[PDB]
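What follows is a single chain, given as structure tokens, in the form deposited in one PDB entry.
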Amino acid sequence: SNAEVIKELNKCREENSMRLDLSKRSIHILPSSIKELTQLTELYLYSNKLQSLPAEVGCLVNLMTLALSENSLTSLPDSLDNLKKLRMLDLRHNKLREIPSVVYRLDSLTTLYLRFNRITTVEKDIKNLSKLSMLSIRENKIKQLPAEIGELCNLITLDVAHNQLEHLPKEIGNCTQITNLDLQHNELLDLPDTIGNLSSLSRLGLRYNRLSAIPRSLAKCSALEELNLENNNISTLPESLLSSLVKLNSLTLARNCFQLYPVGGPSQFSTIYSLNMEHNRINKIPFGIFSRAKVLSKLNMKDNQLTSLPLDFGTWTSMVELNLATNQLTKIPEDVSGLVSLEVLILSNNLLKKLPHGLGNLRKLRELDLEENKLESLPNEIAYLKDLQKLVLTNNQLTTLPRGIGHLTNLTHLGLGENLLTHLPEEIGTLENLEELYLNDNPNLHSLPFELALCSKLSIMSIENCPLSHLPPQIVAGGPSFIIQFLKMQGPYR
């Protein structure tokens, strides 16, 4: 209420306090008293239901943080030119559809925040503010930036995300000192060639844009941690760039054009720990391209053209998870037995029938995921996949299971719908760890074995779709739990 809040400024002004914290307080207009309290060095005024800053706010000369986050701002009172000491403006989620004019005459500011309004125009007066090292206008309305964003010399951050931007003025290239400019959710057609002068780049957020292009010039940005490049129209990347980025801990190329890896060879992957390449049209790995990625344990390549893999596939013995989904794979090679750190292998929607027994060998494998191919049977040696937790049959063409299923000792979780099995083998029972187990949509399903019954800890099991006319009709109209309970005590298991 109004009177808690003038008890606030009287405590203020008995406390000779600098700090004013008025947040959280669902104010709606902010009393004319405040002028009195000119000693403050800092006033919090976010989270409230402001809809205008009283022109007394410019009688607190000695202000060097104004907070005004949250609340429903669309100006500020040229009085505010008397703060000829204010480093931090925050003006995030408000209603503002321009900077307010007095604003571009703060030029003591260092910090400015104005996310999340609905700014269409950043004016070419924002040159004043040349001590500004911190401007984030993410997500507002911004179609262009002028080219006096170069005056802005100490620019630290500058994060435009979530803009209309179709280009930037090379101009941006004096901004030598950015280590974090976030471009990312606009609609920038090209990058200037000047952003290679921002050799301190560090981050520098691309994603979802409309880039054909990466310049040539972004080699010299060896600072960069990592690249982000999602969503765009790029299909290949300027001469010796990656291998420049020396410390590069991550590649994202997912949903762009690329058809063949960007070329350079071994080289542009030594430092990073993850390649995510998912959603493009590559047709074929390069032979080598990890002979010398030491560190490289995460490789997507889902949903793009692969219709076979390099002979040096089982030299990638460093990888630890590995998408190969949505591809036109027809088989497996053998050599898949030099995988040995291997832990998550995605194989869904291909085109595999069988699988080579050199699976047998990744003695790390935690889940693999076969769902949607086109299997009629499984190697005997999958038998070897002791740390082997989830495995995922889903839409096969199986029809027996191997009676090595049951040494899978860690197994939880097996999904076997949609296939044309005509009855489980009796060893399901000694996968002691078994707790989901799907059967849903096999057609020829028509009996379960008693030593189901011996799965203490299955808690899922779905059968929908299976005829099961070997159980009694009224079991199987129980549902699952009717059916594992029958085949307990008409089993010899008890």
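Numbering follows the first chain given and starts at 1. Note that the rigid core is defined as the largest set of C-alphas that superpose within 1.5 Å between two forms. What changes on going to the form deposited in another entry:
- After superposition on the rigid core, displacement of the C-alpha of residue 427 between these two forms stays below 2 Å.
- A movement of the C-alpha atom of residue 29 reaching 2 angstroms or beyond is seen between these two forms when the two forms are aligned on their rigid core.
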Second form
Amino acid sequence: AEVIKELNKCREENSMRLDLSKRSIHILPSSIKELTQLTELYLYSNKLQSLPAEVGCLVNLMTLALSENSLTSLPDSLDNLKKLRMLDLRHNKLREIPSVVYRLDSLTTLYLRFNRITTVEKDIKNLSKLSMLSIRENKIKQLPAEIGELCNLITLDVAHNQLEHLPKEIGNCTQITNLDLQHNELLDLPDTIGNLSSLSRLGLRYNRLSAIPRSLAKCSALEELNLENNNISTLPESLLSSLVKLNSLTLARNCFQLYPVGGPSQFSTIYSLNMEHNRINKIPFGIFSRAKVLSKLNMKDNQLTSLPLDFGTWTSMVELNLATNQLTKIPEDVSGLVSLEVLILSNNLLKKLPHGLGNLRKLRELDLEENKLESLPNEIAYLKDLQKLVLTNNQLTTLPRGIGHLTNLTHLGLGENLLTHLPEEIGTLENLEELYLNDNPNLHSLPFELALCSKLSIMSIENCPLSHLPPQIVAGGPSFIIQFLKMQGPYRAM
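Structure of the form deposited in another entry (previous: the form deposited in one PDB entry):
A single chain, with no partners or molecules, comes next.
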């Protein structure tokens, strides 16, 4: 109806771009054959199950945009579009690459993401002008050796498929800079992967890799190496020191029991190292002695029972996550870690903290949730940069009076402890915003000085008896308690 007039409009305008997207089109009219001047046809977001043979009359088409339709194929007449440069077939119902697509040898850009494709035929070698090929989110089990004739490829995306291997002939696609293989079933990578010398983005997470080829050392433009969720427990001893632009290394969710063995400069370039969810039973002595730029270490969910003798020499570390290990002590040498801003120690077996904690002048966040802490050291008072202090689920009965010296503290989590009272010095926490006191069964009062925390907007007190406060006030909840402390206490300003 309106597409009749829009096709008609295009005819009289002689416009070389036709946009029929988002028009609920089920059947494309035959008359589209008349608009032979078109170089761009936009049919995306429609209801098309098929393109008519008349589309092959649009022999000047350079762009055919068909995403978000219900196509199963394309007309054999598309053969006649000898100038077609980009075909966009995302989000359709293709069970295979349409036969005609294998003859569109002028194509440089082919988008096939989100279909039902299982096989790439050997005839893929005909599309040797392709620089962008995306077949992400399909059902592909293997690629043909003839992928190696796509020598102009820059981006090859086959993420979210069923690949178990990659043909060694991928090593002939020497222009590739972005190769995404994540979320496949990959058991290995070919030793020829090193032939991809301009490789700068390699997607490998969520596969079944048990090793990395040593030839990957040749891909020295790589700026990230994310091996998350595989089956890796070692690395080629030469690999990391060859990746001289490597910024970040993720070994999370693998089966490392020991740090990978590497050169002296194995960690000399990365800023971030993520080894969370492995089986690592110790951190080697000296492992960060040449890691001047490494500032984030994540060791969460491993098997650590202690820390190396030179722990206190990690002077560049800024964020350290040792959550979900089996640490029983933090050594006094933690005083060495003068750059630390974030220290996460939740879910260990700590009973006390070293006095040396007080040397962490830049510490902003300290998370001690789910330990066995029985006290805090007085030297906590010197953490003047501390903003967030999480002590949830410990065995604390009192806090040091010096807790009130934490000028910058905004978040204080004391839920699930054994507290009998809060110090009056809580009132000098001028910046306190969130105070969690829930599930302290022996906490029977709150100090009037709590009224002095003018920025206090959240406090939890569920399952505290608070029997030294009036029953109806306690039943009113945090809002009523704070108002009561202000009105009955001695601190009203006027």
